[PDB]
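Before any questions on how it binds or moves, here is one chain, the form deposited without this ligand, in structure tokens.
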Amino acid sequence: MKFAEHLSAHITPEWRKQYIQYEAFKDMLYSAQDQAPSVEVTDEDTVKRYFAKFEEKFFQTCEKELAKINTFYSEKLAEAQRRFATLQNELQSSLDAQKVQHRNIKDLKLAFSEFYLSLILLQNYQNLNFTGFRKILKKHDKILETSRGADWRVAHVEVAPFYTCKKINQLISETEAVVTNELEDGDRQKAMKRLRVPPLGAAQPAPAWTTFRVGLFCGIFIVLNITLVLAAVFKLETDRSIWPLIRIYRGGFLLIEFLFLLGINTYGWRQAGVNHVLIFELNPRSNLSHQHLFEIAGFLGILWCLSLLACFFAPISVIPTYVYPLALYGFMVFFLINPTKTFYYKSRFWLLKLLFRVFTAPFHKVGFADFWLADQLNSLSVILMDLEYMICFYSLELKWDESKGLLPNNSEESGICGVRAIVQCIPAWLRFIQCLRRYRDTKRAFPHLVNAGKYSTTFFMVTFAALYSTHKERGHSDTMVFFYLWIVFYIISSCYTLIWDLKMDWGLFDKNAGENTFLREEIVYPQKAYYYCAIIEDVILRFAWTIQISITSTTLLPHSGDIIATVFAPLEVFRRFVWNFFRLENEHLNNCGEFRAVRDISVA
């Protein structure tokens, strides 16, 4: 509960291999002390010899660590000096060409903010490495009752060209001078507000009020769920179709579950080290923690349970029951599109910019956030089918003449209410067009043309499911050819998406696994059982996702299809939750190889 965990929590995740390695030293010391021979059953000269050999070993490995740190610091400082040179040249060119321009100035501001972050990270690297050297040499002096630890400290650590190099501080002062004089016209307060680096990473605890709101929204949600179960068992009339209600309130529940599991994903990413901040292109000084996602999910789930309770109980008699789902989803939309600057404005508007860039996406260049949201829409595809069902049910099947709305006595439609398939492929279509744009952009046909057929398989599956459904409904003859076609495309799609999940979405099953059998070379999440359980769960849940797609866009199994979809949709959201972890880990391990901790803000 000291500098070991302080170091693990304050490490820049992409430079983890180039830190002090505190715990290795600690274990070395404890094992040396443990296997020390006797003091009177053995010879004292042998004890002196053993302790001298351990001291030699300890100081050899300490010299190795110091050399590693010096090398890394020199490389990073040279890189920062080059980056400052090119940034000053860019600013000089832009400002003398000044005598569009707003975009140029915004990109220059952003590039100077990322250059400052790298300097702050290198400074924190220096500080942590020096404090780790002092603490571990102190532990060596304490365990062995000697003074060679502090001797080695004063002799070697405080001469090293990483503790005596006051060159990062000059760079920071120079950067502040540049940003204040040339970009802000004085006004150092505004420059430093843009440049100041809050304690980031796992090194910040969420405000107590956010955690209290998480706990408050969770307790209300829990009690309202108990109340919903009790009101479903004891208050719902036993002569009405509750299935329209289930279908209407199914999408909201999937959204709440997705936000909860996204909060858990953010917690796992922040703890294991894989920084979604650099991958999603979020600014490192302000992110949403897992607490904020939990709070959003809890609030929306509170509203969901309140609307469902109002449907079951019918509190006031003037307003019919169909207003409650409408009200719930209208508030959900008004929360997202809130034009004022309140209730997570930056997050909501980043999400809206992303949604405009994924729903119109043969034209925008694909980033990681444009790809992750279009991949997450594949799991939240029952939400779009729920929206389509709500529109169809309110337009064609609601009476509007009786207060008893969503729950009708007995009546149906042709199927359930063509355009129930198209709205299943919609996200597959978005991802297909995005992969095509990525191929056109990078001209690399392997990762992009493959992974475009991955969603064409979904296209074909839905098409042939619908064809066989309509042909068995009207009792035709060429229905069997279509059943075999659907089964072959179901198998093809399940294996295609399954191989892509494990191979080049998670990185698993590579030739250089090593001792992590069937896994990557370097794993980030602690337990190895996490990965094997994830593999098994994805194998199970990937196959029971194409079945749901086939049964949601069809007319077969009318009575059991709805139970199937209701049970399998949260399972698919859980599958996406599991997939997020290892996709983000695989993406972060790319950034670990090039030691990239800050984004490369281009400017033109």
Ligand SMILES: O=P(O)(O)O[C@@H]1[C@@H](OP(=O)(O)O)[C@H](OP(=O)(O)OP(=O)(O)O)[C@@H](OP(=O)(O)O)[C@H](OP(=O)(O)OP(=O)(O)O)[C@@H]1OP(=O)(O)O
Contents of the next structure:
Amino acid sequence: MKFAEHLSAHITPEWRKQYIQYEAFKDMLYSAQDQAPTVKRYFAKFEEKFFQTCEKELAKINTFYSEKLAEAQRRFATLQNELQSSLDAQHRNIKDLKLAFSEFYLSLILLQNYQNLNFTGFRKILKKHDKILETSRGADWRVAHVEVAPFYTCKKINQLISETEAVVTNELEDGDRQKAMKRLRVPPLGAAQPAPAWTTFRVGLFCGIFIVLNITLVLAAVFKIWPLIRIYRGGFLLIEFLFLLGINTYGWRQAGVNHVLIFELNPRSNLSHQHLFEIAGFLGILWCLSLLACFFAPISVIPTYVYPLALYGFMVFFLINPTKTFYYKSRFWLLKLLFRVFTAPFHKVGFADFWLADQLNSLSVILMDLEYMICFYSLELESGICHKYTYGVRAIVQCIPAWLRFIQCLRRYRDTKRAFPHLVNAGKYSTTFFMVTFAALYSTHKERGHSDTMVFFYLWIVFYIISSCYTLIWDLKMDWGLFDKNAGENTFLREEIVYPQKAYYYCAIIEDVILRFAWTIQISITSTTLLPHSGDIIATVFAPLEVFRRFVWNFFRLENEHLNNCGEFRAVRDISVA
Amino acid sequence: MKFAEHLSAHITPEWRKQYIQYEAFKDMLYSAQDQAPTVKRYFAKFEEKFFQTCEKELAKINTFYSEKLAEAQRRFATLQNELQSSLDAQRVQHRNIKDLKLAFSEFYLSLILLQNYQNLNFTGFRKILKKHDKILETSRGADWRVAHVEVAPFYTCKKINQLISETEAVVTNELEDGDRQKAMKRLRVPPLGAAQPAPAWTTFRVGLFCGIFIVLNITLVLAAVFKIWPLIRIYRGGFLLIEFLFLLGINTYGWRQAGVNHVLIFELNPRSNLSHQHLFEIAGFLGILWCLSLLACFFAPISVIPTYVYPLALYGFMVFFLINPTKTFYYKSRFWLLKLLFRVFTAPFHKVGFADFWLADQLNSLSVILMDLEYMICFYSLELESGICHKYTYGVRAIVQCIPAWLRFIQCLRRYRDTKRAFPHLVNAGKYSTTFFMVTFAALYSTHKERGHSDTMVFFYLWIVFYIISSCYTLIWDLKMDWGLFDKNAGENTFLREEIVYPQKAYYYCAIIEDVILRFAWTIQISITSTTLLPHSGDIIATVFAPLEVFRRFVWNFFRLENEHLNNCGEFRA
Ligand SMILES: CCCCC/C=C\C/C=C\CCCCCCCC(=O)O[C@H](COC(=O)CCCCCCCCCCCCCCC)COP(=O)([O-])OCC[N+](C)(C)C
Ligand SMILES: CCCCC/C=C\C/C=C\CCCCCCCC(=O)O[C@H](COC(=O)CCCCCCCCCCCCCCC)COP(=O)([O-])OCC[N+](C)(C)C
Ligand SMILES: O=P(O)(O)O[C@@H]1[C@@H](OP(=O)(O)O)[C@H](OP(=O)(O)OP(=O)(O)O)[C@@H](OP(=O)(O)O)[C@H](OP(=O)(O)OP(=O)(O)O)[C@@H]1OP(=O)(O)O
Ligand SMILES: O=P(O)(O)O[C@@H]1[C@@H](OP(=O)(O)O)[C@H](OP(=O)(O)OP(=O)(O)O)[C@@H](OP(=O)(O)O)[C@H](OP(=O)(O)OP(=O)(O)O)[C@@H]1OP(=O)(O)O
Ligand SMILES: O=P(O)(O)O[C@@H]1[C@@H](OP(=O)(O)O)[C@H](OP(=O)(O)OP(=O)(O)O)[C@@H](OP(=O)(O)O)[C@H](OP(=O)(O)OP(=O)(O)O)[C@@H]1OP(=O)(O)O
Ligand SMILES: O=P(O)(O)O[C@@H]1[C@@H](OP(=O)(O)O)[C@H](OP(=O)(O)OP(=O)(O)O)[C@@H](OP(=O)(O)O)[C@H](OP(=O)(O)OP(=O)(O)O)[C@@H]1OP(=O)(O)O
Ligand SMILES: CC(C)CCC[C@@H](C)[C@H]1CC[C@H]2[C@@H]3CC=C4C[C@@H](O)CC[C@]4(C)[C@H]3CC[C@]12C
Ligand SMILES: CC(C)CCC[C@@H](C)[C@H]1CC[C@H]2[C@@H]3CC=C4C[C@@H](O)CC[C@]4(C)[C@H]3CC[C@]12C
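What about the form solved in complex with this ligand, after the form deposited without this ligand?
Below: every chain and molecule of the assembly, starting with the one above.
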């Protein structure tokens, strides 16, 4: 029943081009039926063409299966040699060995699913051809060729799988088959894994509560001592980022972008997009409750300043919660990633590290708000001293994410030794640093006229232009891999696009072009006191736009990275054991 | 992976005892492995016992499959004969061909169910034998599977397959003018039971509506605590409707979890049946609208818009949500609800089925809605003495209260006329007529309480005696003729029937106690609402009791459906 959708949902993305072209065969059959009027010879010629195409596709599948089987055999030999060496040596090495064996087992299961799905598609398409042509020649062809093809008659995959299970359960699990077959089981993968009903119900309940509380907050603020906007902007931006990240995960899963492999996550257990949605909904519920408490102040004895403190403390505890509950695995992974990012020079820069550093760079408003709150607590508790003046530490705090990204680029240059990409990327962060420094200098000289304020203004404008152009060019050319000379039909894009619509690509181009300038203006204003009157409003309005731009950029960067992965037909992590 | 859960979910409840008892073999194997200590002799004895049990189960499956194959062949022959007769016969013909199409679809579904039975039994046998081989570290379970399971009549008979093929051919050739696609659009059998999870969007919408409803209720309580028309008497009807929909969604979920084939009992379509999730969604949306209307009444932000429009609109929309001609929102279940309502409100002119009686009982548990509609009409007619409609009783009020009881009584009379079985329908008619007697005597007492007739006490005593009579009648029929409890064959289900499908008997005992208490409360509430009686606290007591009546009817739906599935209490099937 509707094998096309099943194949599309179950196809391994990295091997998408190597599967049965079921939709193409359906289109050919329908076109032949429509163009049918001498009729017998026309049908015979169409059948000959169909059989030639089927032979070509079968040869393609056979070749790909042979290459992947050879790769699996080589990986098995290497893993066996490494296991023998480790046994001869006889903690972290054993853990890496288990991870590598699990990855190899996943690869074997993926190849087995590839072969099974290809056979099923062959059978289904041949049956459909027989039904359309009212002839049984398709079944005869299937028996003659499809059922005798090497990709089917080759049972090496199953025996290799069994040998892997035996090795894992004997030499790694101490002869226990219960501990084995659990690390390596390969449950349903891709987009064919429905989420729990209770999770969806919780997502909906949280979304509804958040919507009602937002409506109530708007109504109260329109109908009814501490800067609430500055305090709560960070939380609002975090909730919006989590929601858009859930959307990003959903889109990656739908479009086949294997972010699981890109982020080096666990293929067997993953956090679904609805989990992110429910986390965002719960955090938004807490944020709205805190804001409503601040507005109405229900508990008179309890002051108004403790509500945001409790909200943020609960958020921090939830992220840090040592107990093995509330997505403890994902939270620990995120904590490790954050530790690696904030200490970038001392760890190798993987895709996850740079990606999270970019996310933080798009969320610098949270750090700015935290620093402003610290300043307000230290000094205010001259009205508005923190807002009326800017200092060097403010600029350093603003550039901290840019510093992290720049030093990550430097570390990547040191490791890979390739100069062009890493140095150019480190150059964009350098133009970002030069911008904030010049803005801060201009703001400092404005109050204390040093007679060089206009020179600094001109320099800041120039560097603003340079930084905006640098970031936009890097986003559209390198991060998104667009504007490539290899694109024939996809003008202003690359040869292969994973997402269905090119209009989406064009809209993303336009929105990124506008929002890069918007974000540059927002950061320049926030980092200093250029616009002391309305600057807070501009920053508040622009920060959600920055998060939206980061969300689109995540979409397209992950798409480009997934396309690069597809180029090498790499569907599993490369695990090296020390 | 976990075949036990998959089997339990995919078992057809009607044939539940007829499937391989995977759990029994699991427990037997686990106990044998746990009690193992000489050792070879014990292992051989256990193997002999296990294979004897396997052979017994295989023979059971074979006999059941033979019985069902014979039944399928008989049904196919009868349907083919009926189709031949219909073809030779050629408004009445249109209905005949429609009924033949429906019967062919039902027979195809039965064939698909038998095929699924075959496949599931074979899979379970193979998996349990594989587990036995793994536990006993031997290669004998597979040998026995090949020797017996793989050559057994149930697994070696392809008769059912050609039966399905012949059914498809016959349908496509004699009921669709040769169109395969049209025939398959109705013959195709999607997964049944818990096999198909509800749509993700459906669950998300249910949760969204639940959250919106909860927050709106909190806001409504806060507004009422802090902050021309009786809001209680105008909104309790909608509140009761929402509560009834929510509890009916719970009832559907419990029926699906307990293996009660309510689809067959209500004669619904097995290929596409409304689930508890949709009922929860509808209840949540209606609750959102109700809360918004009541918030508007409490606040009345818009001044040009009067307050009285807010209730009306809501109810109006509810009407527009049930009589919507377009095929937009639950059209297939709304039209089936409209036809059932038309049949119930015209009871004496239709063959009373299970759906009609069930909906009439639901209305008997939702008479407060009709009473409040009549009270709103009274308020509009006269009040708009101030409370002239609350301070008096009239025959219209009594007949409005009795309407559901009148419908049930006429349904029972029609059932007696058709089936010709005196006892059940006549006793039910007397049970429903006790309601007429109680209501009319209460109305007379209230009417005479205003003037010194000197007959107030005799009428009060008659009302008390008939109240007791009606309460006892209703309770006894609920506990002995609806739930089928207090049966003589209570070997280990004391105070219950021989066989019970719900997990716990504590549920049954709590249900009995709740049924008694809430039947008394319902009778008292009908007495309060039908007349003046209490002139001050009547409204509050009625409002408090009506949700209890809805809950009691919800538990009654549970147990009535259970007894119907287990026994033909209503005699609605051959
Ligand atoms: C001040 C800076 C604020 C923090 C910075 C902003 C956001 C950080 C959160 C998430 C970004 C990471 C997203 C990864 C992208 C892949 C998609 C995915 O979500 O994939 C997930 C992993 O990722 C996540 O679940 C991310 C965790 C999100 C939890 C939410 C915590 C929020 C805490 C709020 C902070 C409060 C601060 C106070 C405010 C002043 C795959 O799931 P798995 O279970 O296979 O995970 C892997 C686990 N193995 C490897 C063992 C299987
Ligand atoms: C005193 C005033 C009025 C009181 C309230 C009146 C009626 C509501 C009561 C019951 C509703 C039916 C319950 C179904 C029980 C069987 C189990 C099941 O779940 O069966 C459902 C039947 O779904 C229903 O009927 C609809 C459920 C209820 C939806 C509510 C719609 C809006 C109503 C507005 C209220 C109107 C008054 C205005 C307010 C003053 C299975 O659906 P299917 O699609 O298989 O249907 C079969 C369709 N084939 C046979 C063609 C495939
Ligand atoms: O009866 P019909 O005509 O409505 O459906 C037929 C056919 O569709 P057709 O009309 O030719 O275009 C198949 O493709 P389709 O439309 O679903 O696929 P697309 O997604 O559009 O590619 C369908 O599913 P499947 O074979 O692809 O999985 C299959 O159903 P089913 O009994 O489950 O077959 P099995 O899976 O058990 O073999 C039927 O095959 P017949 O035995 O030849 O009648
Ligand atoms: O297999 P590892 O050793 O590489 O990793 C496992 C190891 O901890 P590690 O990470 O190495 O520090 C286990 O403890 P350990 O060293 O005493 O002994 P083992 O050799 O595992 O028997 C721990 O508890 P346990 O589950 O096994 O009882 C388990 O927790 P986890 O499944 O998260 O969660 P829970 O089920 O505990 O709640 C880890 O599984 P993963 O992190 O998913 O790989
Ligand atoms: O845990 P492991 O990995 O060491 O052994 C598991 C394995 O047994 P295996 O060696 O092939 O015989 C599964 O087979 P599988 O899915 O690959 O099947 P196929 O070959 O593809 O058909 C079997 O599932 P299954 O038989 O119900 O389908 C599963 O049964 P379990 O969950 O108990 O569920 P129950 O049936 O008892 O309810 C076993 O779990 P455990 O015995 O609890 O440890
Ligand atoms: O269930 P039933 O068979 O007892 O009654 C069906 C019948 O309605 P009636 O009582 O005569 O007014 C159909 O019209 P009809 O006589 O021309 O003939 P057919 O039964 O089709 O031969 C109608 O299709 P429509 O003409 O409006 O599209 C269809 O509704 P609806 O789902 O919208 O139909 P679809 O979108 O699935 O096609 C009804 O349910 P179902 O067939 O199960 O679907
Ligand atoms: C601001 C103006 C000029 C342009 C706005 C365009 C926005 C709405 C566009 C830019 C990129 C687009 C996204 C690109 C990719 C996907 C993945 C797909 O599986 C679901 C839709 C989704 C998530 C798109 C939604 C619409 C989107 C966010
Ligand atoms: C406080 C007392 C008197 C009230 C009566 C007890 C109530 C709570 C009892 C009566 C009947 C019971 C239901 C009977 C059957 C089922 C189906 C089962 O699959 C889940 C539980 C569920 C849904 C029960 C929930 C509890 C229930 C509603």
